[PDB]
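S.K.: Next come the chains, spelled out residue by residue.
Protein chains: 4
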Amino acid sequence: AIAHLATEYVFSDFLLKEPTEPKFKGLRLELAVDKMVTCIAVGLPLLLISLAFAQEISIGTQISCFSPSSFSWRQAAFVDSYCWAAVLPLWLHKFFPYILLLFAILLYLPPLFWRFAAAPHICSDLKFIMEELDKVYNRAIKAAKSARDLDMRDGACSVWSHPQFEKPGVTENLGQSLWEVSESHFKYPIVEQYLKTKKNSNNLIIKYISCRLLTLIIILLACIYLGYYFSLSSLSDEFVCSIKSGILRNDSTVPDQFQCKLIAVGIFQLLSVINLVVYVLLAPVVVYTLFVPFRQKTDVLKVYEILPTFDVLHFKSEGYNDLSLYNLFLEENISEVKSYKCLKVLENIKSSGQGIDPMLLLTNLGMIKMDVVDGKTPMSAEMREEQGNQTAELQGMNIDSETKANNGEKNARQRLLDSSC
Amino acid sequence: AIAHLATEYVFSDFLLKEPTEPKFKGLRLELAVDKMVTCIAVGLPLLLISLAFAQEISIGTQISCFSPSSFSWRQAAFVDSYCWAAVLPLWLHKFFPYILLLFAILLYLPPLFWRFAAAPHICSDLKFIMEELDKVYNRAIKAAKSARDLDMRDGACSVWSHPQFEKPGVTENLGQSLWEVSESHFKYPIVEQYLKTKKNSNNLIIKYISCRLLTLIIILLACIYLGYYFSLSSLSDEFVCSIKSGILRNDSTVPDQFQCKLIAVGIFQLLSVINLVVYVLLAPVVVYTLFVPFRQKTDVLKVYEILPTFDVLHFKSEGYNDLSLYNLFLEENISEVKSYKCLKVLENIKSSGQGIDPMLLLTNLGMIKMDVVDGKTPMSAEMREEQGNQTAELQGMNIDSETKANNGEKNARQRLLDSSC
Amino acid sequence: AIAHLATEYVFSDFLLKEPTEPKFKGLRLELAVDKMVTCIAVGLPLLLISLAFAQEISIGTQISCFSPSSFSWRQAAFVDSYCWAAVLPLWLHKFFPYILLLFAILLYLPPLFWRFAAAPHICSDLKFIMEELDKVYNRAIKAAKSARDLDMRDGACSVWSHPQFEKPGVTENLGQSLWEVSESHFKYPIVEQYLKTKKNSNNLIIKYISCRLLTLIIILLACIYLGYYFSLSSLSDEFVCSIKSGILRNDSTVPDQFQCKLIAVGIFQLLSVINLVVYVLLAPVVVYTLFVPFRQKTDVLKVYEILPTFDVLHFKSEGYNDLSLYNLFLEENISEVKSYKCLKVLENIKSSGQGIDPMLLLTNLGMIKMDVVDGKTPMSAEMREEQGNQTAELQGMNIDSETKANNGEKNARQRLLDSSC
Amino acid sequence: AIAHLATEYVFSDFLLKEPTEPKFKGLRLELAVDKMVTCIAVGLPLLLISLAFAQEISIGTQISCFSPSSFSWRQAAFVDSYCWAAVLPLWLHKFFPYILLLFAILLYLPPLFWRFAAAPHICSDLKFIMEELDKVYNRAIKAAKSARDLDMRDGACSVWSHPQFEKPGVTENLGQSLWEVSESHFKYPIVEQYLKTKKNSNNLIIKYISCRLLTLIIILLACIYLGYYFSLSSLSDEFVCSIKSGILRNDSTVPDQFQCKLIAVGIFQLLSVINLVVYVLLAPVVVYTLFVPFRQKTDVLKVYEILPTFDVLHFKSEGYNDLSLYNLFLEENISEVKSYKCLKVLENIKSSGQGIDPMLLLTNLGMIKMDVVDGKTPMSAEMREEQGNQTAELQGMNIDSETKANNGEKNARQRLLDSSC
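Chains as they are written, first to last, in the numbering used here: chain Z, 1 to 421; chain P, 1 to 421; chain R, 1 to 421; chain G, 1 to 421.
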């Protein structure tokens, strides 16, 4: 049978889990709900019909007819073969396994079109925006670190701890008393305009909704077909058959009518119920997530809201604007970014000491001015909060490979079981 | 059966998704529409006939005949075998599965010829042009960066921020007060003549249209055959058979005529409809994209239109000129180029401040002349817009591997299901 | 059946597409036409007979005979078995599938002998000649670049742009006012004598024509056999059979003669036509390309015709001289050489300015003598045309691996489909 | 059947084509003729019998007997089974497929013994001798290059071109006026004694001839068996059978004698002819190459005959001396050595200028003494013939891997085709 072989052909497509050697390429390229819907909606029909093909062979088993005892073995076989072909439309039982394949094939194209067209475009855009996110994070603390030697009040910490300027940090260059201050006028980063660039020119969102709506209508078309077939299969499966057509029209030995019955509709009726109940439960899941302002209402960029110099999240939520789609992909792809975890702890220092009036930008100089005028001892405070927030993401920014979609193995289903007797 | 094994043999050819380790080798080598047309036009006939071969075995099932009860089991079997061979031309039903294979094989050669001949040639040409695209981008800003130390009006920014000249950028060499200006007379780049080089000598475009037109005519040849077969199968499938030829010509026990019927035309008739409706819908898609001035009317090189020094897009659109073909391949292969994303944000600064009169070439010196005469503070403005547009593409320009066309795995279809009873 | 398993065994041999990690190892080792001829001439017979073996089982299906009704089931089976063995020569129908295998096996040896013997020899020769081609290209411009500091007339460009001599190019050594001139007497390169070395000693060309002519004669031998078989199968397929030999010679119950018929010649006759029409169309393709002075009349080395110092293409075209064969391999293997693309643009500057009198050897000094006597500004013109033609091929000249002929995968055909009933 | 599964088991052994990552490991380890003989002599019997096993099943098909009509279905089946076992020796037809397997297995051991024992020993010996071949080549020119600064007559070329001594060659050390001359007394290289070391102690040649002669005698043993079987199968295949042995000896209902016939000898007779004609054609090929002084009479070391200082090929050709065997392996393994191609052009300069009196050792000083006394200009002649013959083989002399014998893939034959009906 052909039923359970596209099963493994699809099992190697939604199980990517790419072993991303580079710094960050764990790009899902589709939402989690999309994978769950596609696998269930397509795979489940293949599993059910695979059971059916295990017994719907030996066409003489599909239909049987009653014949007079005077007939021979071959004459009785002719009647069964004749009525199977020379057949309320009862031919729907004949093509029932064929139809369920057509639904599965038509339910697999919309995922394929997205993979061929909209997948490479969304891969580079997310990679570029997350590439430059850590650059802003690194420069912000480095500018604060470069401003360290300007606000010394404790001891003689203008310049000290000098066997090497950055002996734990870096073995190059040396430092001395500061004479420069950071005055910046270019406050807007690259990401600020990139958000506005994607705020118009709706060309990738249309490829998303169009693929989704094509899948939705196919589900309804399959749902009504199962209901129509279920009603038809619940009426009867027996009919009278006459083979007196041709030279046998004037035969006085062949009986006028024969009794025949299809004995495969019992299994088919059960299969239609399972598909029907699953589809009517899958439809609300698809419908509930059609709306753009669905779950994940909370903002994702609020971590960098006040970090370098500027403000973030000055925009609302809307519909057809090519936005709120990259935000969805960012949430499922923010798992591997070292800036996010580092910023995930700053907001939690809002307890006593850094409470109702937090700034969290130059907090290093907050507790180096009220101490003793005599005695520097700066080596502990001046580094324990400097390389603990920069060295983590300063490793491996050059690797770029492993973009193939799940080469994997043939470990999935293969060829059914029974081959004997 | 042989039906559903070229299915996996072709499934490993249009699913490349090469894991390109090098800087940029994600070369599709064919358009997205070509892959969709080839897979549907070739794969779908194989899927349909694979269902058919699951039951068209045991030749006694293919045809049946009515015989007198006085015949034995072997004598009745002789009649069925005789009329199956000794057969309106009714032999078209016998060779119907054979013909559909011939269409699939003939529909696979034009893709194969393009792969063997025109694939390696188009691989190097696109790689070379995109290799030199980033070189022009890097030198343009570097020349602007090298011209930084000439237009200082703020403070004493002629030379400053000197623990190291390019401590974030590069640890080599040092800088001082500028005395050289960039005077260029060789304005034409290499890409300018390469476009004109491909503007004539039409030798790769002919290999594209010739392969496409061969596929188109085969589709029409298959379309008319299905219509002719559908009309024939709708007339009748029964005939009279006589075996009295030879020593049996003067036999007084064998009846003169027998009634026979082919019982496989019912399934075959349904299969012809599915192929017919799909092909008549696939034909407009192929025809609509035959014209060279199809979709993607907008220019792709307009991003570099005024970037280094010159102007781009001084040419119109035409037909047989070996042009407008590399442009199509560039659009599907511009996904992985760091110059494109960097230039994709310059045009969006057209708001207030950089509006009706934009230049976007030396905008760094626009806002360093009206500030205070006293106080340099140049470290912020002089670097935050320099390594943010150059370091991105300065990583990994040496790797070159992974040009194999989808080694992949055997995860596709394999050997059907049923083997018992 | 054995028909459709050498199909995958050969599918892994002509689909190399080696993922050449090294600088250039994309060596085809055979012409494109050779692959197309071998795959079609060998594969197509296997595909056709694979259909035939799907039904030519159960030897009682191969032949059938008419027996008296008084015979039992076993007695009737004896007659069919007897006449199948105890058989115009009608045994050609028995061995028809066997013969077509013999043609396929004999049509596969000539490719195998070339692979074992002439493949490694041609691999190193093409690799060596293309290795030294870029060396001549690099030294030519470098000599021109080394001669830059001798012909200065503009400004004071004798020596300038000196924070580092080759800061974009190379971080080593320094330059000053030139005092040496390039006087060369050894004008002949290594490639000049290598062409003459291969101009005699015809030992690899004989291994090419001998393999080709063996394939050609086998095609004609198969072509006549199909025509002879087609005529034989069009006469009759019925004969009389007598089993009265031995102790049954004096048996009064066994009828003297029986009527038998072979019912597999109908499918075999169709298969012979398909092979015949394909072979008579493949023969002109092979014949048309037998001549050495076939397509690719234009020279390939005309790009380097005047580049370093000398002239190229001082030779005509001839036959048995071991030449004009490496030229064919060079054309299909000139795809990956950085010297070719670089030289492909020089000839197109033949427009106004560099028209009827082009030299294109030291054109850098053409436009540095008529400018202003005061003001050097040499940094733009002296480098923008120097590293743009040398750095491209100065990367990765050490890698050498991936010479295996298509390890690939088992993604091709495997084991047919039907296994039940 | 077991016939066509050692076919793929052997297809992965003679198709090595190792992807040798190291500098040179493309070691064939066996001659080309040995691979062709082994594959044809062993593979071809497996292909032929694989056709035979597609129909020699259902033992009732192997033999058939005529029985009285009064017998039942089971009684008639007993007669066929009895005479098949209770059987001119006619049992040779029963064991014919078994025997052809025994020939194939016995024809595969001699290749296996050579692989296990004599393969690793011959791998290191050829690797070592070719490792030291390039060392002699490199030192010869380097000594000539080191002697360059001693024979200057043109200009003031005693020392010149000194921004760096070997700026294109190597960035280390510097050169000046020469004061040392190359006086050598140790003229014998390591390879000179290694040739004499292998000139005696015949221990690897015996493992070669012994394996070859075992294969030769097996071919003759198979050849006579086919001729004996062909004569036997051409006499008759029918015999009388009596089952009256035991309690049936005094049975008055069982007929005394039965007529039986083997119907598989027709296919077997054809198979014997194909094996016979192939073997009698393969025997002269093996015999013609038994002689040690066969083809490849010309010397291979004549390229280095006068290169460094000494003379080569002072020895004749003989038989059992453990020599003339490494020479055969050298010819098939001289494909990948950079010294060979470099020396392949020196002998072709024998035209005018370097004709009847060639030396080709210090030809660099031939054309630097008759030029002008004033003006050095040495930079062109002193390097263009120095790094063009040394840098080629100065890359990658450390890699050592990929010695496995064709890991490959399962792309070969697998499991036959037909599984239904």
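Any given hint might turn out to be false.
Since the list gives no way to pick out one identical chain from another, each pair is judged satisfied if it fits inside one copy or across any two copies.
[Claimed, not checked] Distance condition first, Cα-Cα at most 25 Å in a straight line; then the derived DSS-like pairs of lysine-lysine:
no. : residue 1 : residue 2
1   : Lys-316   : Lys-376
2   : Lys-196   : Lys-135
3   : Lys-338   : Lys-376
4   : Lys-344   : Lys-207
5   : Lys-376   : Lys-187
Because the hints were derived from the structure by calculation, they are not lab data.
S.K.: Each of the hints needs a verdict: does it hold here or not?
M.R.: Hint check results:
1. For a Cα distance limit of 25 Å, the shortest separation of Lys-316 from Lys-376 qualifies neither inside one copy, at 50 Å, nor across copies, at 40 Å.
2. For the identical chains of this complex, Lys-196 and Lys-135 are intra-copy neighbours only, at 20 Å inside a copy versus 28 Å across copies, given an alpha-carbon limit of 25 Å.
3. In the homo-oligomer, the alpha carbons of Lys-338 and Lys-376 never lie at most 25 Å apart, since the shortest distance is 33 Å inside one protomer and 34 Å across protomers.
4. Taking CA atoms no more than 25 Å apart as the test, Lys-344 paired with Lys-207 passes between copies only; the shortest distance there is 21 Å, against 34 Å inside one copy.
5. For a Cα distance limit of 25 Å, the shortest separation of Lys-376 from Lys-187 across copies, 18 Å, qualifies, whereas the shortest one inside one copy, 35 Å, does not.
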